[PDB]
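*Asks:* Could you put the whole structure together from the sequences, leaning on the hints where they help?
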Amino acid sequence: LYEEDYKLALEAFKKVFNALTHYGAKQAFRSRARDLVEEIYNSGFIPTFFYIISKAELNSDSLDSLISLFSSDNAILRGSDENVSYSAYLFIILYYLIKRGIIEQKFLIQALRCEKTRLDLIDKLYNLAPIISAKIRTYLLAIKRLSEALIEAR
Amino acid sequence: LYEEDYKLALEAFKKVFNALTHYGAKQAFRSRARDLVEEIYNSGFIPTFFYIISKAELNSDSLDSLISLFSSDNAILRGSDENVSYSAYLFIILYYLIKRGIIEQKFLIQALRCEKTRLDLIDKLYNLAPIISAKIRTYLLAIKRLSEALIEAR
Amino acid sequence: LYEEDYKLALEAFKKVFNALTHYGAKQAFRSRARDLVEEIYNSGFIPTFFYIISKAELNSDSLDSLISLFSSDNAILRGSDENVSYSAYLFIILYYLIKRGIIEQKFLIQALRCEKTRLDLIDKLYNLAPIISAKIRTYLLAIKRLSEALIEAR
Amino acid sequence: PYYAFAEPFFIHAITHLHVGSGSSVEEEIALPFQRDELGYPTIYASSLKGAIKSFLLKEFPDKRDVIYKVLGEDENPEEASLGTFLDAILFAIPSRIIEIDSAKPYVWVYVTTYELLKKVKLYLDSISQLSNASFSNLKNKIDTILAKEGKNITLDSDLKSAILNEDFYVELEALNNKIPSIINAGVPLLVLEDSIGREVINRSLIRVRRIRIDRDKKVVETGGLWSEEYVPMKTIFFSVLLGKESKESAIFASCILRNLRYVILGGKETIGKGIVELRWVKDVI
Amino acid sequence: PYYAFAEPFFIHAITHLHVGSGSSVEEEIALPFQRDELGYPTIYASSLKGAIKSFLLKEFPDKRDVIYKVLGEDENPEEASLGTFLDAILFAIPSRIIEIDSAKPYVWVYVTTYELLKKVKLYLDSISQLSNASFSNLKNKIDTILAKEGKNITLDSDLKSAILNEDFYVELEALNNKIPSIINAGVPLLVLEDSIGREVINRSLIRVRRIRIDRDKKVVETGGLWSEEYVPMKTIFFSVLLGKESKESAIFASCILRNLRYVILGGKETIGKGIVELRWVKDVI
Amino acid sequence: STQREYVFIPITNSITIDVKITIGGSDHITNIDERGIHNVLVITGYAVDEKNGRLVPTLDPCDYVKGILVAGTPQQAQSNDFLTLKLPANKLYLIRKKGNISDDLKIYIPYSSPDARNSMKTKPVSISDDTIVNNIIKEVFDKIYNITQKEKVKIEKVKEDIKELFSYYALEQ
Amino acid sequence: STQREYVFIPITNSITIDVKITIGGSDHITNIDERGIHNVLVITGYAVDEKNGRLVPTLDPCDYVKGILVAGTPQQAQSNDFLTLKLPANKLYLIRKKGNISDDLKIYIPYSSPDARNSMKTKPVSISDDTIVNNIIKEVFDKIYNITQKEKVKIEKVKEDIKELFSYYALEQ
Amino acid sequence: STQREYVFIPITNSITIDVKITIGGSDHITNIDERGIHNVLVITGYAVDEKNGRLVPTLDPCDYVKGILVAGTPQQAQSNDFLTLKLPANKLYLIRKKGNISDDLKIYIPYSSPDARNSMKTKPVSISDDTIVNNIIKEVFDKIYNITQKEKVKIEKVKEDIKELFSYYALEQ
Amino acid sequence: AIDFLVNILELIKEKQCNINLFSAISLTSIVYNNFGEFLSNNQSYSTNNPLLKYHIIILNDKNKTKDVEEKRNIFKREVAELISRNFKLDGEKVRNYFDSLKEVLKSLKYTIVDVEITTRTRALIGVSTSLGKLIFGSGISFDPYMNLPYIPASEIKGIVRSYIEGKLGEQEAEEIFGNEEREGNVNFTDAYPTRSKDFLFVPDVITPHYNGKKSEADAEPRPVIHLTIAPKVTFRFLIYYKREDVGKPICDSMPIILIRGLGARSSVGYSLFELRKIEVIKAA
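Residue numbers (the entry's author numbering), protein chains in the order written: chain A, 2 to 155; chain B, 2 to 155; chain C, 2 to 155; chain E, 2 to 286; chain D, 2 to 286; chain r, 2 to 174; chain R, 2 to 174; chain q, 2 to 174; chain I, 2 to 285.
Accuracy of the hints is not assured; some may be wrong.
Under the rule of at most 30 Å between Cα atoms (straight-line distance), these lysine-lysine pairs were calculated in the DSS-like manner [unchecked claim]:
{"no.": "1", "chain 1": "E", "residue 1": "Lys283", "chain 2": "E", "residue 2": "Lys149"}
{"no.": "2", "chain 1": "D", "residue 1": "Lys105", "chain 2": "I", "residue 2": "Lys214"}
{"no.": "3", "chain 1": "C", "residue 1": "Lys100", "chain 2": "E", "residue 2": "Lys161"}
Calculated directly from the structure, the hints in this document are not laboratory data.
*Replies:* Okay, structure coming up:
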């Protein structure tokens with residue numbers, strides 16, 4: 002009928018394809034995409050989310066880049082290859098969580114701004130893990146397909 | 002009514018037949034022709050198309066081969082069997098969409114060149130997923146017959 | 002109410018984060034969380050447990066702060082970074098042992114002081130080692146992830 | 002009545018078992034396991050019948066016509082097969098356990114839900130109303146359980162608390178020691194609420210990544226990477242074998258269904274998957 | 002007999018083994034060893050079959066046709082594999098022991114749990130039903146032990162109590178001081194109850210940390226540090242090789258399995274971590 | 002005390018004569034060292050007011066206006082409509098930090114009245130269109146950091162970052 | 002149009018007399034439906050000044066205050082020093098959203114002077130000392146929320162709910 | 002710096018005299034390595050005029066002319082009708098890219114007037130008739146790429162591809 | 002169970018080659034870290050245990066905590082000496098194991114390169130590993146089933162590869178050791194000590210004064226007792242392959258790399274080895 006998850010994946014890959022300026026960051030985000038959907042299927046969402054935020058290094062420098070990618074289109078993720086790969090994938094997940102109204106965008110953005118409320122963000126995510134893991138499947142699979150299509154390998 | 006599509010399919014198959022050189026790529030194309038038509042009508046057009054492009058590896062050189070194949074006749078899309086056949090079937094679908102005016106030809110030949118517009122192409126296709134499920138069935142089934150007939154089984 | 006290892010890890014990390022005022026202490030705690038898990042596997046949980054306790058160098062005053070950390074949420078671990086980090090990790094392990102009900106809070110708090118207890122604590126640990134080592138490591142892996150995520154790299 | 006004989010049986014997985022479901026595009030597991038109308042794994046009666054009928058057909062080369070009469074010919078067919086299988090309902094699945102409120106140790110138990118027992122009760126009702134072969138024993142062993150719906154419950158021991166598959170916490174309330182245990186197996190058997198049983202059972206499957214290595218350089222081939230999905234050994238499925246008149250059918254249920262104990266279901270039978278033990282409820286309760 | 006031959010064999014690690022299960026997210030090490038449904042080390046039968054098949058394809062080059070027939074064609078298979086590998090059950094694994102009051106101080110000792118022996122007996126029962134082969138010696142040696150379950154057991158020693166892997170204090174009791182050694186080495190064999198053997202075995206592996214040096218400044222590269230699980234040398238995995246009658250299978254069991262002695266399993270062969278030997282119980286016991 | 006000045010940096014060139022100080026001290030918190038701007042400040046919950054562009058206090062956590070700090074005091078004809086405030090150098094949500102601040106500082110904010118007669122519907126806008134990005138280097142970033150073209154011949158770096166680093170939310174009213 | 006006034010919820014009696022209209026109309030933003038408080042607004046970037054507790058403006062996105070939104074205009078002797086502003090009913094940071102909003106709204110907020118004479122060091126204080134919960138329910142949830150003591154005997158519900166849902170930061174300087 | 006000239010390859014021999022330079026420097030991006038021409042050039046919206054074949058500028062995004070790009074200058078007799086350009090090697094639609102580019106390049110283009118005197122219907126022309134491929138080898142693939150008939154005994158690997166690697170649009174008008 | 006901890010030191014002093022050294026050290030670490038408690042307790046005073054010594058010794062008469070804190074450092078030093086003194090190298094396990102492994106590999110048609118290297122100056126290998134880390138803060142690469150310190154095969158392969166790389170280009174390095182797209186061609190095994198003159202482990206110390214200090218004002222010593230691998234120990238490891246064109250570099254590289262370092266902190270001349278013997282057994 003709708004396949005709105007594919008539309009959302011498309012309009013999110015639109016963004017993250019225009020923030021990873023350096024090409025290696027694109028190739029590494031593709032690596033993250035081809036793997037984290039399998040990991041989230043097997044080992045649930047909360048463990049994979051912890052593994053993503055850990056490898057992302059969400060220092061306040063990056064967090065500003067994400068909060069800007071939310072609204073702006075001239076945002077650019079800054080960092081190393083893998084750091085921005087995991088930051089882009091975290092943004093993918095958070096975009097889905099916002100657009101589908103699972104989280105309030107005001108609350109999320111206010112959390113990423115502060116160094117403490119990020120813990121409350123992770124907590125509220127923990128309380129919603131089953132619904133999130135049931136919903137985000139098609140979105141993440143679409144993102145995986147887009148990544149392996151529109152990006153050359155290494 | 003779709004009774005001209007038995008000729009359109011003949012033309013598209015003649016093209017993609019004289020286009021693949023290695024016979025293994027022809028047998029792989031036969032495999033794809035059998036496999037994908039079920040998925041298009043079981044899983045939807047958008048999911049199957051994402052799968053197709055993900056397995057097609059849209060790199061500018063093979064893209065140029067396809068662009069010429071639209072217009073030339075000796076065009077040789079090359080590479081690897083399991084990877085050139087998916088591009089051949091994507092060409093099948095695109096040849097249909099062009100020749101039935103469902104998508105504008107110049108827009109396609111242009112978005113198959115500029116990476117940015119290549120994403121807007123997929124967006125357009127998302128906005129035409131219901132229309133391209135009703136029209137193209139007869140065409141794809143004709144391609145299925147032609148594949149099973151003219152390409153000797155592996 | 003029973004809380005999963007990730008929920009428990011988040012709940013503990015929250016208050017241990019709100020108790021390391023200085024930032025060098027935070028980075029040292031991260032450095033601990035990232036290797037004490039491999040150490041616990043390699044050298045057992047009881048050897049590593051008492052290594053953490055000793056290296057914490059409690060001095061019966063920081064021990065008071067650690068004990069207060071359970072009751073209040075305004076308590077603050079005090080000492081040097083290379084000691085405050087170990088006191089924080091010691092509290093992490095104690096929070097697990099207490100919350101999972103493996104060892105009573107009164108027993109633990111009565112240990113770490115009053116040297117007569119420490120040895121029967123050793124014996125009790127040798128009784129409960131199969132109970133603890135089953136999942137202490139997957140509780141501490143979440144701590145490792147949370148620390149790598151929400152604490153900068155020194 | 003309609004059915005001359007009715008042979009309900011269990012399917013215990015000796016090794017791991019993989020009954021292929023059929024791939025797709027939005028699948029995220031290249032080779033999935035046959036699910037049922039509510040997610041839980043089952044064995045479609047077609048796979049059951051084909052596997053068994055192919056087993057009997059070579060383990061009994063003398064009477065290769067009693068089989069063809071009860072389970073249908075493979076050449077030109079001129080009559081409907083007299084035998085009728087049924088979709089193997091998942092009965093109970095093993096699961097790792099880290100238990101509370103008991104020093105009595107178990108490293109794994111059996112887990113089933115209420116919806117599975119309701120489907121089994123459906124099978125039993127229909128078969129007892131369609132073959133005259135009643136199963137008051139098993140039917141009451143299941144009615145006694147279903148009288149306790151909406152509340153986790155343990156049968157073969159007393160636990161009162163447990164953590165199943167390292168994630169899920171349950172507060173079991175032993176039904177009664179007065180219930181004779183369904184298939185013994187030593188270990189306890191939990192009957193869980195279904196909303197939690199769903200996650201537990203899903204977590205109790207076995208997903209496994211496999212690769213394909215090039216045959217001349219010891220390195221993976223491109224595209225040679227997938228995942229498979231087994232149910233663990235000691236899994237119990239419950240199916241029913243149904244039969245009609247024409248005393249070839251009567252032979253079948255006296256010469257064939259007694260020498261039938263071990264079969265190979267599903268695929269990957271070169272990876273040692275699928276070895277199955279059938280245990281007829283006729284002689285197991 | 003559904004199986005022309007059954008060839009249960011043990012797998013003794015010569016060097017350490019790494020048969021990895023790929024990187025995951027819910028576990029801390031970066032290259033764990035293949036676990037099982039219960040949580041013990043194992044060797045998925047796919048790994049066994051792939052390794053053994055590649056090996057003896059490059060070893061016996063004249064008999065490619067027999068090998069393909071019994072194990073499977075590598076391209077365009079017109080027929081299934083006549084040969085079946087079962088998953089390698091972990092039989093006995095070394096462990097670091099510290100104990101006073103022994104006539105001999107041991108440095109390490111084998112360790113087993115009753116669940117592993119139950120799985121071994123299950124393999125033997127299944128293949129003895131599905132074949133003419135019967136292994137009464139192994140079954141006797143095994144249920145001789147299994148009778149004395151519910152407590153920790155030392156087969157051949159005088160160890161009263163010990164500390165295994167410097168974390169688990171166990172009080173033992175001898176079995177008979179008469180029962181033969183299945184592990185033909187005077188090293189004792191502890192057989193522990195589960196839920197204390199599960200950790201003792203999970204904790205008995207070898208997590209070695211490796212790095213990658215930044216060739217330009219000769220320090221560790223950033224993000225170039227990982228751990229890997231190996232299984233100790235002399236670990237024993239029990240497994241069964243099965244075959245169906247073909248007259249190529251007979252030849253497979255007539256010289257190839259009589260000349261299969263050492264193979265290279267798993268990965269990291271270039272670190273010298275693959276070598277392993279097969280025993281063929283039929284000529285061991 | 003050491004007093005810095007905040008400035009709105011929108012696409013609106015309403016910043017010509019709004020300060021008194023180019024350098025004042027030997028340092029502005031904002032630095033530009035061959036690598037792009039550093040210690041960029043962010044102010045959240047505020048928006049720009051392009052018609053006499055100033056920081057307006059709305060109550061939306063999404064409205065953020067990034068800007069730069071310069072050691073200064075505004076134009077000695079204000080404090081009627083400028084938010085003056087002093088912070089212990091930590092509540093500064095800074096971006097791309099280079100060093101550390103001295104744990105005390107006073108700053109001013111260009112304030113505009115809430116004007117509760119019109120809905121302050123604000124919209125996001127990024128700084129593009131180098132036409133306005135080229136001059137704004139001279140318009141403020143040179144008149145203040147006159148080391149520009151005296152140390153950086155690679156202005157395009159300090160040109161491409163502001164193209165992407167600085168942003169705000171816009172009333173468009 | 003409509004008027005709604007913001008009321009901070011600290012543990013101090015700087016709120017007793019700041020409200021002039023209890024209801025006036027027949028609805029509000031904040032609600033209480035048999036399960037506690039819903040549709041609560043949160044204001045960030047501000048903190049409390051309990052000696053005449055008003056939302057002192059600072060720039061740390063972390064200094065926030067929590068309060069409910071009821072209708073009214075305060076005392077007609079203020080709004081010369083209170084934040085009056087109109088928002089499109091969505092740019093508010095609402096806690097426990099229940100229904101759609103009126104797509105237009107006027108807001109009144111107790112605003113304090115920046116007072117750039119001393120280092121603002123705000124301190125996070127949660128609501129403890131349930132005696133405080135009692136005297137705050139007497140402060141507002143009886144003088145305004147007359148629906149309490151009319152429908153809810155669940156005073157423990159709203160007490161435990163105020164003990165957690167309402168925390169804030171304050172300078173105490 | 003560097004100068005390159007793109008030479009059309011239609012089915013006509015109007016190319017024989019359209020450049021004076023055979024090598025000029027040492028490297029043309031158009032390379033041949035045992036497998037056919039690598040780094041072939043394609044431009045959009047353009048179709049050629051085989052009768053004295055020059056690139057007519059159309060606007061049809063389907064209008065593409067396939068040729069090879071060689072270093073040189075045209076005949077030292079033009080730029081009164083031939084387009085020159087300076088493109089930094091990231092704006093060139095090179096196909097069969099095997100080696101990389103020198104991060105900048107000046108390009109010349111054999112151009113012709115629009116000739117606004119008829120409907121500019123272009124014709125899809127695909128290089129067929131390997132007999133014409135033959136002379137095309139000795140005309141340009143041997144004058145310029147002298148390495149022919151010295152190294153490649155597999156000229157058919159350069160004869161089979163030009164029948165397919167090169168198709169274009171001609172006006173035939 | 003606690004008697005095991007109380008008697009572990011006696012155990013080391015008596016068995017000396019047949020205790021699991023890994024578990025022995027990990028168990029005596031509990032003693033070391035609860036020293037004051039294990040000290041202030043009636044241990045069932047055993048005239049043969051090393052911890053009775055600290056009851057009759059008196060340091061800092063007045064204060065007790067500092068007395069215990071200095072007794073603990075003396076005890077750490079004594080533990081290091083104890084491990085160094087009693088735990089020596091039996092050696093025959095390694096010879097039999099390597100002979101068996103060589104026979105195995107010969108059966109598999111492997112060209113073998115038997116190599117024995119002697120340690121010149123006391124070596125540190127796997128300092129970041131875990132053995133004594135709980136006591137000394139720095140470990141040794143120890144195989145707690147062979148019960149002998151070992152050089153990881155990965156480490157030797159890596160040093161050899163770095164040398165061959167800097168010698169013959171990354172291209173040739175990968176043609177020998179394989180890149181991420183084809184397997185290697187040379188196989189190494191861990192190095193185990195066959196024979197040692199007198200000791201196996203010997204203690205040592207490092208004392209950073211000005212490591213990471215701003216000035217002379219915060220500087221201070223900070224000694225770190227830690228075990229090293231005594232000189233004259235002779236490790237042994239194999240190298241095998243089939244592509245017979247890869248032996249030539251391995252012959253050349255081996256005697257040159259060992260004169261440089263082979264372990265940690267080699268810049269200050271610690272992990273220096275001599276190539277005692279290279280033996281080759283062609284695949285024939």
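*Asks:* Now tell me if each hint is right for this structure.
*Replies:* Verification of the supplied hints:
The straight-line distance between the Cα atoms of E/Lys283 and E/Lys149 is roughly 26 Å, inside the 30 Å bound, and the hint therefore holds. A distance of roughly 52 Å separates the Cα atoms of D/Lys105 and I/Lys214; the hinted pair therefore is violated under the 30 Å criterion. Pair hint C/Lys100 plus E/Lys161 holds up; C-alpha atoms about 18 Å apart against a cutoff of 30 Å.
The structure is inconsistent with hint 2 alone, although it conforms to all the rest.
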